[PDB]
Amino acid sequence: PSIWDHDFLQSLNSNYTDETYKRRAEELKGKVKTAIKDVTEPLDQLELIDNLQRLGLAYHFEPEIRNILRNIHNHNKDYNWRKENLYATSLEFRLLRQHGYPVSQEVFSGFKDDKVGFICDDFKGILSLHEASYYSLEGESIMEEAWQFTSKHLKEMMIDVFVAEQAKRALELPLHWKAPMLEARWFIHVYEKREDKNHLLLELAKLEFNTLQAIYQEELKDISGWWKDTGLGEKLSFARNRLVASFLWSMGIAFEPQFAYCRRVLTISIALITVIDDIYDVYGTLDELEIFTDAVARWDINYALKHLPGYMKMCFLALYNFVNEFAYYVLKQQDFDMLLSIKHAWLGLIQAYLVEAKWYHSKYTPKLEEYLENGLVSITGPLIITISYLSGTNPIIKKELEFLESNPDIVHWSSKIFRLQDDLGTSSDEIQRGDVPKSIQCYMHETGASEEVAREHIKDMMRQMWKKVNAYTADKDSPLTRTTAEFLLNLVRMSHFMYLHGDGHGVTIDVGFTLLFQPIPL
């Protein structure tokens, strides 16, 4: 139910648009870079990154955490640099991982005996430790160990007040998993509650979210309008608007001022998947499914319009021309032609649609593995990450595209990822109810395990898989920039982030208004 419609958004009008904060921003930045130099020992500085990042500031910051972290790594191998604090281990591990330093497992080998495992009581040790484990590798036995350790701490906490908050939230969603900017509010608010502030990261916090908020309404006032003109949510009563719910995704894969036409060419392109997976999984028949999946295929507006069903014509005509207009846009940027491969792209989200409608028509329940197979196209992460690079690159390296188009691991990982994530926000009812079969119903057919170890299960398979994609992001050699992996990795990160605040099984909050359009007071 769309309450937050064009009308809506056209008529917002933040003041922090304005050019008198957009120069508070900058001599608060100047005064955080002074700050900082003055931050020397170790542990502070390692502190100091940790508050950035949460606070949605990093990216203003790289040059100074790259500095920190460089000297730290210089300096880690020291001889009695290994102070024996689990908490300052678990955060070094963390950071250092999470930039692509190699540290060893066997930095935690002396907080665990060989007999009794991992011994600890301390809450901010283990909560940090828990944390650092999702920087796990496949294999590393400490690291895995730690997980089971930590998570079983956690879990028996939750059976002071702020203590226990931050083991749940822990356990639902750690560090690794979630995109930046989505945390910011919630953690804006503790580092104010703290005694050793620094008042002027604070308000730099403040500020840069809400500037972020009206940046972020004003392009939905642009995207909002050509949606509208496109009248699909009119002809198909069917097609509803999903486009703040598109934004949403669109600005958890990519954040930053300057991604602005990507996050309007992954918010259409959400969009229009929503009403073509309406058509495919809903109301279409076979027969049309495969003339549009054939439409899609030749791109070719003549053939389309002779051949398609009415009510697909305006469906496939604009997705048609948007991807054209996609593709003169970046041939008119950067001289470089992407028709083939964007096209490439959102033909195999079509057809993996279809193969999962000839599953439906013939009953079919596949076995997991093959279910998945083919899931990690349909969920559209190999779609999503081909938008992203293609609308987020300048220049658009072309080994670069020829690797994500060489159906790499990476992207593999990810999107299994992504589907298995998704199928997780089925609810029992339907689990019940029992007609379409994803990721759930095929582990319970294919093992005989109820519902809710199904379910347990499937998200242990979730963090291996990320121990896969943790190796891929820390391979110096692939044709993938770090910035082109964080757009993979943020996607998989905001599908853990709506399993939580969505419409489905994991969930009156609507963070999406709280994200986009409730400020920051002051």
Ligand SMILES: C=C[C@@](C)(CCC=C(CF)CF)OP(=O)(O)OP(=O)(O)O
The other form holds:
2 protein chains.
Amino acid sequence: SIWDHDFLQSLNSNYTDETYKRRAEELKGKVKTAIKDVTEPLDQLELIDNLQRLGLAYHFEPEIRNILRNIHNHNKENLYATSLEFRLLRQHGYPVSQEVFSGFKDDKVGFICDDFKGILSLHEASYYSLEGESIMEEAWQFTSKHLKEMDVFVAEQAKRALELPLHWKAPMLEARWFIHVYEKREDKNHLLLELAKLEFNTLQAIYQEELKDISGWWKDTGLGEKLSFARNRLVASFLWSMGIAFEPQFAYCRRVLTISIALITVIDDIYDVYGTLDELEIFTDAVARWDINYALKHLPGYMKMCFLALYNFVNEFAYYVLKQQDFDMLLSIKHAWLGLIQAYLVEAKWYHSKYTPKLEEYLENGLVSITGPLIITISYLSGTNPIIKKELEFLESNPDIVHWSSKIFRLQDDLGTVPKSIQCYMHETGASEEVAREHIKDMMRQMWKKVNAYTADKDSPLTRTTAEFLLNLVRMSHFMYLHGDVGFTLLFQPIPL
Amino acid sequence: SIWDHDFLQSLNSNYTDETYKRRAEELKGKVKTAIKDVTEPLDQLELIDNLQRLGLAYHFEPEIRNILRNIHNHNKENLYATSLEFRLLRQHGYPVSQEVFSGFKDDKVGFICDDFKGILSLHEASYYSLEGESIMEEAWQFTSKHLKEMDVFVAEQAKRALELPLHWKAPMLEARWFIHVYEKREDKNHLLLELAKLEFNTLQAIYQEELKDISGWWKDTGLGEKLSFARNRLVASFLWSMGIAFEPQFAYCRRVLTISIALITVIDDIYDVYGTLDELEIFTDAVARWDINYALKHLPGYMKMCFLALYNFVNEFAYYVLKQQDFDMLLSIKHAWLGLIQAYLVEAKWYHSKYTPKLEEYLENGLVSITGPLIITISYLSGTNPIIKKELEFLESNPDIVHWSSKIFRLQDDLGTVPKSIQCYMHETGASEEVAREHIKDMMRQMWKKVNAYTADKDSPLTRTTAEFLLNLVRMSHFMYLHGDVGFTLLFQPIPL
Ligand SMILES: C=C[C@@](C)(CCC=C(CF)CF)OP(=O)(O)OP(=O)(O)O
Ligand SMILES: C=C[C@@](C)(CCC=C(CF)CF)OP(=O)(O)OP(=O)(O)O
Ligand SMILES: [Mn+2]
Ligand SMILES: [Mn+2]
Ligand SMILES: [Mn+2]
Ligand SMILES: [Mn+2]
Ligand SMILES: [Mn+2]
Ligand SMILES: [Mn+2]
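With the form deposited without the ligand in hand, show me what the form deposited with the ligand bound looks like.
What follows is the whole complex; the chain from before opens it.
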């Protein structure tokens, strides 16, 4: 908790200034010209891979779209080239058959390859597998096992792919690591690299300015002073919101998300630590009524400021959207908050009854209590303009993509550890904790196949942009499972020059 | 409406800096030493008069208290000296008999005096008259008539006393005018004057900083953009709150008051101009319920943001006091807001029925609709720490001092002009508008006698500090009746050197 309010207010990055924003525009135009001159399809695919991994892809969206749309129209015997095209096309919603890998797979003896580069790209592409694509499953089985066996760069490349594949990491999180790798490359575009370093440093400056604003708001509520367990988690919460929506236009989305996660953290500590069962029933009822007079009349003292802070914050949230685009979402947003709170009470009742639920019964409640349903609702209302009534109702209908994404989120948090996923699974199968962890890791990978189908469904009310919020939340949980300061490195540490 | 958000943000007074605050402390100590050396009672009384009229009296409260407490223990044939002592002692709550003026009053022919200086001081003292003190009433009759008959400074002195006596003006409003008069004085204390100019300029800097903060809050709600009739009245509202509570420690009181008055102004325009009767019944009901879900469900579109802005603002107000001193005042503050709103609906129903009420029936509703009861409640909750439960309940009991102060406030606003006080009185007595205005001015002076009694009552739950909020609000209405830019001169125009 070193990065308190005073530290945040004292930051003064140079990259907020106007000179850098001029140079970035100059570089963007110069880069767009260089993209034109890449015409060979493999160079086109390697360019997109580099652009996405440098955190620059959102500047060149139509340019990337042309390249992929063109390659799809024309659609090797190269495993690297086949796997890279497969990954990129599936990532951006195009249909590619799993049968493109059939040439490298022998029916009797399985996959045949010795090239690490082709194996690494196939491993990345395997996470874009759909449900029931047995070639891709065997491809993952073959690639993971080969990668586990493992020149210094090959060892690190193999290590990173095993702990976190590209499909499971948000764009900006890998940006700093990949920026160095790109400057070590001999065939690097020098202007492309200079832009990657410049935009990365400018984003930090933007985030730091937002943190000052959010830091002052948190100080004004004074929950940290009132509640000794309300440790300042502001920077950690912003890290999550930043991974959910990193683009500069999503500043209001990151603000609502950061504050929401900070409040969620305090309320969660009240339910699964500090609150008695009778107190938790009153707080749940007060949230359900959404009546400030009732809450002040019946809540315990320590719960009052916590409820009122949440109450006013959400009502201000409803006011902001009402002013901005004349949309009333108060019923929706407080409904989602109640769902989270009710799932907390279910977990508290289980704990006091000493009831160990079956894993599936736990996951049914656990997918809501991990805030997946609430967070995607917050992200949609605070990050979309105009709000579409059809699209919001689809989220309120408990859709399948939210169902399975939240399950991965819940399973991933429990791996970092009331009884949770690991204890439920051990109790249910008799497996050891070590084995139980491996099976839970596998469930997440199998559930990502279900999620891949819903992303490709273009008949769903959810846009791809709305779906990215949900995936990035899940991706953020994968990332935070590896790292407990990387968050300090992401927000407060510029890249030199 | 020249002083918009952009003008307020661009101000950068030099007097916020630390050097001036050093010199002020040096001057305060040097002045306290000079006060010791004044020992003659008339010089002691003239010193207090100068200190109060320079806006410096709150720095030397115990020093003034000693002087008055000492003079009361020892308690001329000088009308000026008798009238000045009478005014100052009654102003600060000491008992002085009206019989101190009996020497200058002949039973058959009335008051005997030719000295303008003694007449001017008696005129000021006459406003501290109590109910039924026939000497003081005759003193006012004699002094006002003599003053009406009216060397350039005597004419201005006589003019100012007739339009606004000392008892009816807030301290800082007269400060700039009196500061010049004091520097023209030959026997001036030079350090006393330098302090008066310095504190006046420092207060402007403090107010300007508060205005920036309040200006940004008003911009964020966006009511001025939503409602074409919601003209920016922020600077005008702050002027009122500043006259209600000018001291630097009352920054939060001025903030809540300014925003409250800004919201009152918009809501008042909705009731007595723009809203239909059915719409006003829903808004009144929504305020009575204090239910955000109901309001969004049933209110017209244009009323929604106006209600929600008020709703969140008051709930944040309740939150701030709860965090600060663990006091719950939500029931009280929303009760006072409902009383104002209900009085608005009464006036709207009268207007649509074309019913001209009797003046007393109008004043019964009019004293609430002028916001007197609400404003004193806001001032107490936002300007007192700790809040006393006994003292608040006394305000909620509709006490007499609030009853008569609000009546003066209501009568004074109607003089600046649905049918109001002047039309009701004309309709009721057949008097002409010119005569009706004179009678209404007299009512206010007779009602100030009732208010003087309640101020002197030391058995009331209200402290003198709480009573000053109420009187300063009334005093502010007297001041704003004379001036429609004096408000610009008060806040944005420093005194040189
Ligand atoms: C300790 C924090 C949490 C709450 C996760 C924090 C990240 C969030 C992103 F949205 C919360 F919104 O883990 P947690 O174990 O305390 O949550 P849990 O009690 O249900 O298991
Ligand atoms: C035009 C403004 C008001 C409202 C007075 C503004 C000053 C205030 C100090 F507290 C309001 F809070 O006069 P007004 O004639 O419009 O009020 P009215 O309709 O009841 O007669
Ligand atoms: Mn927890
Ligand atoms: Mn929990
Ligand atoms: Mn957990
Ligand atoms: Mn009006
Ligand atoms: Mn009115
Ligand atoms: Mn009026």
